[PDB]
Amino acid sequence: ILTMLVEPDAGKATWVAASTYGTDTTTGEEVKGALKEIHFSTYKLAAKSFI
Amino acid sequence: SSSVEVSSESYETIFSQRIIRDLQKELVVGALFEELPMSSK
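These protein sequences, in sequence, are chains H and L.
Numbering-wise, the first sequence is residues 205 to 255 according to the entry's author numbering.
Numbering-wise, the second sequence is residues 164 to 204 according to the entry's author numbering.
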């Protein structure tokens, strides 16, 4: 197998308000993502001939 | 609210002095023609 990592999709960054400004919420929502994987493997083709 | 620790009462807002017109009506008729510089009624 050959597994590669596919980067995860975009997640929005929150629009904080004015009350939030000056508080821990000012920093806004966390944007969090997990890499995903795609896997490649092999099959077989074979043939025989016989003189 | 611009209210963290210390405050200013709207002194800050940049009152600005730039003016503008909404692509206002083109005038096309008034000037097209020519004038007969008349002297009376």
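Honestly, the hints are just simulated from the structure, not real lab data.
Please note that a few of the clues may not be correct.
FRET-style restraints, in silico, Cβ to Cβ [said to hold, decoys possible]:
1. L:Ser164 - H:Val235: 48 to 58 Å
2. L:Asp185 - H:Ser223: 28 to 38 Å
3. L:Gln180 - H:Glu234: 21 to 31 Å
4. L:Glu175 - H:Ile242: 48 to 58 Å
Part of the chain H face toward chain L, derived, beta carbon under 10 Å [unchecked claim]:
5. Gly215
6. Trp219
7. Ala222
8. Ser223
Some residues of chain H that are not near chain L, with every Cβ distance over 10 Å (derived) [said to hold, decoys possible]:
9. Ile205
10. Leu206
11. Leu209
12. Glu211
13. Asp213
14. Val220
15. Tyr225
16. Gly226
17. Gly237
18. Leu239
19. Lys240
20. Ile242
21. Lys248
22. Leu249
23. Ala250
Here a beta-carbon is modelled for each residue, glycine too, at the ideal position from N, C-alpha and C.
With 10 Å as the threshold, tell me whether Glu211 (chain H) passes as away from chain L on beta-carbon distances. The claim stands: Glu211 (chain H) keeps its Cβ more than 10 Å from every Cβ of chain L (closest is about 37 Å).
Reported absence of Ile242 (chain H) from the contact zone with chain L (all CB gaps over 10 Å): holds, 47 Å
Does the beta carbon distance between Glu175 (chain L) and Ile242 (chain H) stay inside 48 to 58 Å, or does it fall outside? Distance hint for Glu175 (chain L), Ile242 (chain H) holds at roughly 53 Å.
Verify that the Cβ of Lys240 (chain H) lies farther than 10 Å from every Cβ atom of chain L, and report whether the claim holds or is violated. Its Cβ never comes within 10 Å of chain L, the nearest being 41 Å, so this holds.
Is 28 to 38 Å a correct range for the gap between the Cβ atoms of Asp185 (chain L) and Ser223 (chain H)? About 35 Å separates the Cβ atoms of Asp185 (chain L) and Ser223 (chain H), which means 28 to 38 Å holds.
Are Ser223 (chain H) and chain L close enough, Cβ to Cβ, to be under 10 Å, as the hint says? holds, 7 Å
Verify that the Cβ of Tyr225 (chain H) lies farther than 10 Å from every Cβ atom of chain L, and report whether the claim holds or is violated. The claim is violated: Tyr225 (chain H) sits with its nearest Cβ about 7 Å from chain L, within 10 Å.
Just checking, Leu206 (chain H) versus chain L, shortest CB gap more than 10 Å? holds, 53 Å
Mind verifying the non-interface call on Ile205 (chain H)? Its CB should be farther than 10 Å from each CB in chain L. holds, 54 Å
Hint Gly215 (chain H) vs chain L: min CB-CB distance below 10 Å? It is violated, given that the least Cβ distance between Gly215 (chain H) and chain L is near 28 Å, above 10 Å.
Could you let me know if the closest chain L CB is still more than 10 Å away from the CB of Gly237 (chain H)? The claim holds: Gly237 (chain H) sits with its nearest Cβ about 32 Å from chain L, beyond 10 Å.
Could you check that no beta carbon of chain L comes within 10 Å of the beta carbon of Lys248 (chain H)? holds, 68 Å
Hint compliance for this structure: hints 1, 3, 5, 6, 15, 16 are not met, and every other hint is.
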